[PDB]
Amino acid sequence: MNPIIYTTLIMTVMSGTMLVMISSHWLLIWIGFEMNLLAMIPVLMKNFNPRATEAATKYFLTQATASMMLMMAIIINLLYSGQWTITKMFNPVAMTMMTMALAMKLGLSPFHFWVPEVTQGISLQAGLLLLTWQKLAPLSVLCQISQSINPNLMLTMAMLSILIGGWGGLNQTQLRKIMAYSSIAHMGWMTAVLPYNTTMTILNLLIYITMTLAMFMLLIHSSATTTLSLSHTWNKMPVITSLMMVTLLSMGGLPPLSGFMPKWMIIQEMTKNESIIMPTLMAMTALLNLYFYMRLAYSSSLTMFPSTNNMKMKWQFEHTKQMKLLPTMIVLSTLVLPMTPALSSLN
Amino acid sequence: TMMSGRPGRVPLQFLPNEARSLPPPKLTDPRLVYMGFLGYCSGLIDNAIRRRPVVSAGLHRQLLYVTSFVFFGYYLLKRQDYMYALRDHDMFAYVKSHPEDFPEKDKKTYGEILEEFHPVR
Amino acid sequence: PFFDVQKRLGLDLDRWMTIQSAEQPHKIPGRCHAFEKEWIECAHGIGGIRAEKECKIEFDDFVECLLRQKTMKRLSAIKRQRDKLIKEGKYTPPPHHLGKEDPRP
Amino acid sequence: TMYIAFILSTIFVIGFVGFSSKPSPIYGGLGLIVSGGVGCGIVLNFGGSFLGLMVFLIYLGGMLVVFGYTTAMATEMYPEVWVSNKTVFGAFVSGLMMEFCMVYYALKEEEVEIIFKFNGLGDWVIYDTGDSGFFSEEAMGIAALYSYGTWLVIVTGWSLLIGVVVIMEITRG
Amino acid sequence: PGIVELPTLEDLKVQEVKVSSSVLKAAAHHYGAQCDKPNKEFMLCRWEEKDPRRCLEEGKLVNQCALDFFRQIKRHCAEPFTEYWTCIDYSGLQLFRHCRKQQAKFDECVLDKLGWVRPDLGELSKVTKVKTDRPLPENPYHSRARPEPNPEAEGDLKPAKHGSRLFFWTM
Amino acid sequence: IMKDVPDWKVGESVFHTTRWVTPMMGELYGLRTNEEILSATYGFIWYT
Amino acid sequence: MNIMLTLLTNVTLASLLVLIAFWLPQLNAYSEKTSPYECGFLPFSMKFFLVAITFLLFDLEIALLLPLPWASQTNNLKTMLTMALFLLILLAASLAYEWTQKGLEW
Amino acid sequence: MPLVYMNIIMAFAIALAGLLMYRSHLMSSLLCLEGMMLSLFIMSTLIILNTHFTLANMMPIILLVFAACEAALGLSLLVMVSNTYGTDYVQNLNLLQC
Amino acid sequence: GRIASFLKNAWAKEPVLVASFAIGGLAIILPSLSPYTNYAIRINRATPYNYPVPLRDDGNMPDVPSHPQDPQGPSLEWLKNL
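Residue numbers (the deposited numbering), protein chains in the order written: chain i, 1 to 347; chain g, 2 to 122; chain h, 2 to 106; chain m, 2 to 174; chain s, 79 to 249; chain W, 97 to 144; chain j, 1 to 41, 49 to 113; chain k, 1 to 98; chain T, 88 to 169.
Keep in mind the hints are simulated off the structure, nothing from the lab.
Yeah, the Cβ is synthetic: ideal placement off N, Cα and C, and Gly gets one too.
Hints may contain errors.
Stated by the list, open to error - Okay, the calculated beta carbon distance ranges per label pair:
1. j:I3 / m:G131: 20 to 28 Å
2. j:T6 / i:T85: 41 to 49 Å
3. g:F15 / h:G46: 21 to 29 Å
4. s:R175 / T:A127: 18 to 26 Å
Unchecked claim - A partial selection of chain T residues facing chain s, derived with a Cβ cut-off under 10 Å:
5. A99
6. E101
7. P118
8. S121
9. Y123
10. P139
11. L142
12. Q156
13. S162
14. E164
15. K167
Unchecked claim - The calculated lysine-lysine pairs, modelled on DSSO-like cross-linking and capped at a C-alpha distance of 27 Å, are:
16. s:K128 / s:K183
17. i:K88 / h:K85
18. W:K105 / m:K118
Work out the full structure: start from the sequences and follow the hints.
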């Protein structure tokens, strides 16, 4: 793909998300989602591969169904209210259908199935975009309609997302699939507090974005897609895998790392709303995410796997590409817990 | 949504004019110092990743890291203080405007109240 | 994250089509223009929480204008009773309702 | 002919069952052309002449013709009708039966309620008594897109152009 | 709720102007010019009261004045008017252009006998003032009392009592 | 027709407001002959 | 009812002619050509589909260009003219992209 | 709601059911997806016309355009998949798992 | 100079495109540089699609025409001349 064309497509994806976050008309939000899908498929298939084509097809099918259901819900709300503004939906059935569609766009379980497959099929850059930027628009729409969101349905979807993400991550060996299942679990965490406090969802989203950016960039820098390929990294660049260990521990949420902030604040808000069983189960299930993070950390840096003879040649050469944001992202995703009172800025 | 829909909130405004009535965060604020520390750590990590001397390579680079972190942190802290002041102001105003919903319980001394003694045996 | 850049920059990009009481081309009125106007004017700045209860009557009448569910129910009841009476021979539709009498201009 | 719109809507549902039974693509495409033509008839009955011809000219005329184009060039299927192998036949019959049950519960029982409330009264009631004078409300409003909906025009045009770009990038191999 | 108030059939019975559309169109321009005041008053009523049950009488005056307008035509310009509307009647679109010769005949007689001058282009389309005596409706929409607004703002901002009182943070 | 019907306020408004509401096709031609209904609904559309 | 009548009459006439051309002419006995359709066994070239997708998109843009005759009556003539020219320029740009890049191969 | 609205919504439901329950050809799924777009067009058109939402008569056209764009996308993906595998069978898309 | 040769070469080789660019270009530049565009706007506004709803006379509206056809009010004489 010509670089100019690629930049235009990336800007089109961004513009679709911006339209979703800028519009006050339901039709324009749906238009933004459609633009996102249209400009996302080629980005997913930048590197032409049969697996890439399969991932693109599955992604298109899921997002198309989601958009159909979203527009149907919009039309039903128009029928029962004669309103186009993105406010309190005035029809319960439309609300349910829209919730289903937006959850499918996010990847919340039981609409999680496509996320690991598509993530594995696409490249690490496309995976980064899919798991960070594509999560913004549906979350924005959900935040705007949080008042009308049925707490029971959303909580069920979020809890199932956490459970399924942990379980799936336990069994995976491919780094991309592990990242995808962890993303499912983190999206469950994000959407759990959506009915209660949207600002906490924004906080968790920002922390998740920083962590996933750091992790994906470290994977790209190490050019590893499997546990063993990442294991070989210690011989060449120990710094990268050690920083990966730190980021993985943050993703687990172990204090005093940044990952504790979102879980801590989420539990705070849920307990304020007299919900005690749900957050307890949420943390206890996030322990599984911690387990597969720890396994990856073991293989990567905490222990040393055998290497190959050809590594000697790679030792001589140095990485030419430089990801400018990576250091700042690592710092912001590891050491920011002393800065929780900055939560107010989000409000 | 809490204060996201406050009346009179100019959209996409980082710091409203009313925030200036609040004291500015001191340039020696410990939170700002921690921000600068984070910037320096970012510089060190950047040096480490690029296989250059961690504590000496690109002193200008590390300086810019620290300056950017402190500079953005100052306004971040100012906004945080503004939002917390908004919280306190609105809460106090609501309590004042709704006295019946926030009554003053009778203040009784411990000699008057009766607390059951639970012996530890 | 509804970044209301429209209101910040004072630019209308989609607010024209948000409601049917807004200015439509050639001043063509909406079917329920009056009801929607009443509902919006009632619920202006009072908050969604208060609007849901305080302006309930306006929105109820607005929905009745939009879908005519209760009106249809009443008309259907009238039709059912009329047909029942016809079956028993207890009612005779008047000639003007039968079309015998010519309509007014 | 007072219930013509209801008859058309039922035929629309029948065609939707026909193509939703996932038959041989060629037979399905027809199940969609028929339903599309019916839907255009319904829209015309409500007075949307321009929108009725829109689906006929674009959806049926172009969108479904390019769909048929693909089915014809990539033909790797054994032709079968909606009343063929039980996988399609049973689905078609069951869909028709569900629709007929809805119809009976809708006409015999005035206030039919499955997930939404429905009234058995003829749709002619919902029509509003009004005069537009020397106007075509549909046409005037749609033409207002160039005057009122400049933003919509911009976004839709950019989407179309980027769609051409995306199609080429995808189908370059 | 309440019982819909509907006027009795007797009070809405008015002598109707039993002419064809072509007949009306032929005399449309003169009808507007001669019967401007009663027509404009009725339009103002329906556009302020916004209820057909309040301007019924004004509608009667429009019909009566319209009848008088045609009564003068019959007694002064009967034959030329018949030629005019018959020609317009033939055209499917009732085009004025196809009957300009007949129009000139009707306009000429009406100018001579009745003194009526056909309004020029863009004259019946001008918004006119109407000095009605009917009081301006105080609540034409019959709107209910609007709810009281929420308390608006307050006095000045002051620093948080103890800063961000978030768990262990002291600032 | 519905005098016998219990608890039937004849001509009772279905809207709470007393504002004039333009009648729907059913509210005018509901009990008219089917031909008249067909005319008042589809005459203009079907006239070509 | 008139347009519906026209459609019905045309369809019925065509179907009747198809009847008298598919079943009536084959009634006449013409022996039997005991000749089997000897078959003993795919050009899915993009050269065809490309012509189809591009047509779909250009037809979509044409759909947006249809309301133009009524849009000329708007008072905001400048804005309408600018938007119409914008849509036409985008059509030309799409054509140019395909022409300049590897497209219009038909 | 009038029975016509019920029928159109039921048509959307049926098309959705057919789309979600694949059989063999991915082409059939795309047909169901486009059918749903048609049903949404009809529903929105009727709603806008009845409400006399003059300024919103352009909504169905925009929906139609974007609908056919996303279809152009689906077809392009289908031919890529068919050219790679040989058929448009949904079962062919099996390399990616879980 | 160099541009002039390019135009001659373009018209020699691809005259159809050269004409298309010229016609399209004029169809953009000429509208702004035309006085009848202002008239075209006025004609569209002049056309009385809907009824001119009368206003209640308050005694302080001299300009507004309270009569069928007298000097007060807008004039379409400009169009008649056109």
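Against the structure, the hints:
1. At roughly 23 Å, the beta-carbon separation of j:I3 and m:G131 lies within the given 20 to 28 Å, and the hint holds.
2. A C-beta distance of roughly 44 Å is found between j:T6 and i:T85, which places it inside the suggested range of 41 to 49 Å.
3. For the pair g:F15 and h:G46, the supplied restraint of 21 to 29 Å holds, since their beta-carbon distance comes to about 24 Å.
4. Between s:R175 and T:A127 the C-beta distance comes to about 23 Å, which sits within the given range of 18 to 26 Å.
5. For T:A99, the interface hint is violated, since its Cβ never comes within 10 Å of a Cβ in chain s; the closest pair sits about 51 Å apart.
6. Taken as an interface hint, T:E101 does not check out: its beta carbon lies about 48 Å from the nearest beta carbon of chain s, beyond 10 Å.
7. Look at T:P118: its Cβ only gets to about 26 Å from chain s, farther than 10 Å, so that hint breaks.
8. Taken as an interface hint, T:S121 does not check out: its beta carbon lies about 24 Å from the nearest beta carbon of chain s, beyond 10 Å.
9. Checking T:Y123 against chain s: minimum C-beta separation of about 19 Å lies over 10 Å; hint violated.
10. Look at T:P139: its Cβ gets to within about 4 Å of chain s, closer than 10 Å, so that hint holds up.
11. With a cut of 10 Å, the hint placing T:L142 at the interface with chain s holds, because the nearest CB-to-CB distance is about 6 Å.
12. Given hint, T:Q156 at the interface with chain s, holds; its Cβ is 5 Å from that chain's nearest Cβ, closer than 10 Å.
13. Hint on T:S162 holds. Least Cβ distance to chain s is approximately 7 Å, under the 10 Å limit.
14. A distance limit of 10 Å between C-beta atoms decides the matter here; for T:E164 the minimum to chain s is near 8 Å, and the interface restraint holds.
15. A hinted interface residue such as T:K167 counts as satisfied when its beta carbon comes closer than 10 Å to some beta carbon of chain s; here the least separation is about 6 Å, so the hint holds.
16. Taken as a hint, the s:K128 and s:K183 pair is broken in the structure, with Cα atoms around 41 Å apart against an allowance of 27 Å.
17. A threshold of 27 Å between alpha carbons decides the hint, and for i:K88 with h:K85 the separation of about 44 Å lies outside it, so the pair is violated.
18. Simply put, W:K105 and m:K118 have alpha-carbon atoms about 24 Å apart, close enough for the 27 Å limit, and the pair holds.
In summary, the structure is inconsistent with hints 5, 6, 7, 8, 9, 16, 17 from the numbered list given earlier, while agreeing with the others.
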